[PDB]
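One chain comes next, on its own, written as structure tokens: the form solved without the partner chain.
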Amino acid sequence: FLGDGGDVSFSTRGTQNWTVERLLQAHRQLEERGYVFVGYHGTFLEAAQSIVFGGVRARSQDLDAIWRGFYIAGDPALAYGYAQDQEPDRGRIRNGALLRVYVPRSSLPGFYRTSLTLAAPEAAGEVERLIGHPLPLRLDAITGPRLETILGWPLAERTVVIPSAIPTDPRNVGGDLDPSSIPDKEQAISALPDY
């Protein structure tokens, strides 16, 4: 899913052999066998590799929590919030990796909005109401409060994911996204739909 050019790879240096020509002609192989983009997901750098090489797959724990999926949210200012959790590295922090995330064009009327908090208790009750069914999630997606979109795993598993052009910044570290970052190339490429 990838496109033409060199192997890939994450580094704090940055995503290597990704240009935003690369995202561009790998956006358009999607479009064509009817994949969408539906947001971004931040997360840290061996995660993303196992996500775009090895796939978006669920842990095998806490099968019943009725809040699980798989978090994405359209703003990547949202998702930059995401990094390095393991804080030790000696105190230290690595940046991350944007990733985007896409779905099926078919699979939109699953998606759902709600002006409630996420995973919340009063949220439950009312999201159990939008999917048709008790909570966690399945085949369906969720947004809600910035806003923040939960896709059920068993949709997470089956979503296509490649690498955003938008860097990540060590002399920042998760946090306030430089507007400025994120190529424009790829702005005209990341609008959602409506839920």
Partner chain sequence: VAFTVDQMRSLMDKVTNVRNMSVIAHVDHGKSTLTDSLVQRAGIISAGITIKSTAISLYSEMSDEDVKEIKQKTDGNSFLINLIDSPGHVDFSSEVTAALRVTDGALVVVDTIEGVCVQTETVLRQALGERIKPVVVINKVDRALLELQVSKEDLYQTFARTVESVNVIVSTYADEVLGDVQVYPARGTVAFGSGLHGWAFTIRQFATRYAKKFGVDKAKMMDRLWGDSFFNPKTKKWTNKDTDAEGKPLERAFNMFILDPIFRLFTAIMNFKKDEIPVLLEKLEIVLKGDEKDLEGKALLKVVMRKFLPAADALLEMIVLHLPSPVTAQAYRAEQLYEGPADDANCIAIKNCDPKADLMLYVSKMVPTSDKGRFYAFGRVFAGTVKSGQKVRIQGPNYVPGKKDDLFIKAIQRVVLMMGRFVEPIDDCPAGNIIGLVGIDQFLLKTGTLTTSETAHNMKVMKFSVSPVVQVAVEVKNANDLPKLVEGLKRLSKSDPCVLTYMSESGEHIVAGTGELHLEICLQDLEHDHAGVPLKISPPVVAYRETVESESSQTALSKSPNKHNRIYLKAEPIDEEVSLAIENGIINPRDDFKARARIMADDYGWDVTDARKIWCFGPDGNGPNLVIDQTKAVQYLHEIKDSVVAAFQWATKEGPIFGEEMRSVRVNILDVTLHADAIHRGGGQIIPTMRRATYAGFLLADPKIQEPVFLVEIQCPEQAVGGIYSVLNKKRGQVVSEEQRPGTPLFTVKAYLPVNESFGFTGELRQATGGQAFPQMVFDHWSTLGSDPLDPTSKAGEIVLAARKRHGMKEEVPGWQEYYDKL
The other form holds:
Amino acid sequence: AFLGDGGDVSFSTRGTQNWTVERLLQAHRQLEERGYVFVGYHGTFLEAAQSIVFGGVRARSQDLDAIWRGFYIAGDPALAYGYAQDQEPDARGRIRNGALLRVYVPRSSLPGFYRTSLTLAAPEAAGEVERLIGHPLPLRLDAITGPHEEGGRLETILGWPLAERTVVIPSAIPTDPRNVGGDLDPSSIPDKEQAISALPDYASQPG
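In place of the form solved without the partner chain, the structure of the form solved in complex with the partner chain is requested.
If you are looking for partners or other molecules, they are not here, because only the chain is given.
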């Protein structure tokens, strides 16, 4: 249990139920007290949020090259925000807003985190990433951070084995049901959440 004290937490278009900034500050602190550290945001649809928070991050087939498979997160919530929504409408064409999730890992996994300037998910970067992590892709008990596209914001890829050792809790940053597809307004990010959202220092050189 890493959700703190209060009512049953659930995900809705109306927002994450029983999840206040205060409760988040409690859940975050108690995570650090048990040797966990925050590593970024993951945006997705409501059912996925429910699955991830209560059932845990589990490996699944995704639409990309095998070598780059893993769990994708972003340090900047705005980037992850863009994925916090339904990717497919229902029969009536409803596209619901999703939810931003906070992703934590055991501090013991930190030595496996690396960073690069190269654009990820691209063949020209596979070599440098394999050099940094000290073995051929895919990622395993390690992670890589770098631009999700040239001149773009940073994304972090957690190797599936490492991703399954995460602890994920709801964010206090809401999605906008009346503006699905819009960008994250910085003013809607609670000042007290920004205060606990510093990222760890990643290694630029292999071990």
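Here, rigid core means the biggest group of C-alpha atoms that superpose within 1.5 Å across both forms. Residue numbers count along the first chain shown, from 1.
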Core-fitted Cα difference of 2 Å or more between these two forms, single residue among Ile72, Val103, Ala83, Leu99: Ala83
Comparing between these two forms on the rigid core: C-alpha of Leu63 shifted by 2 Å or more? yes
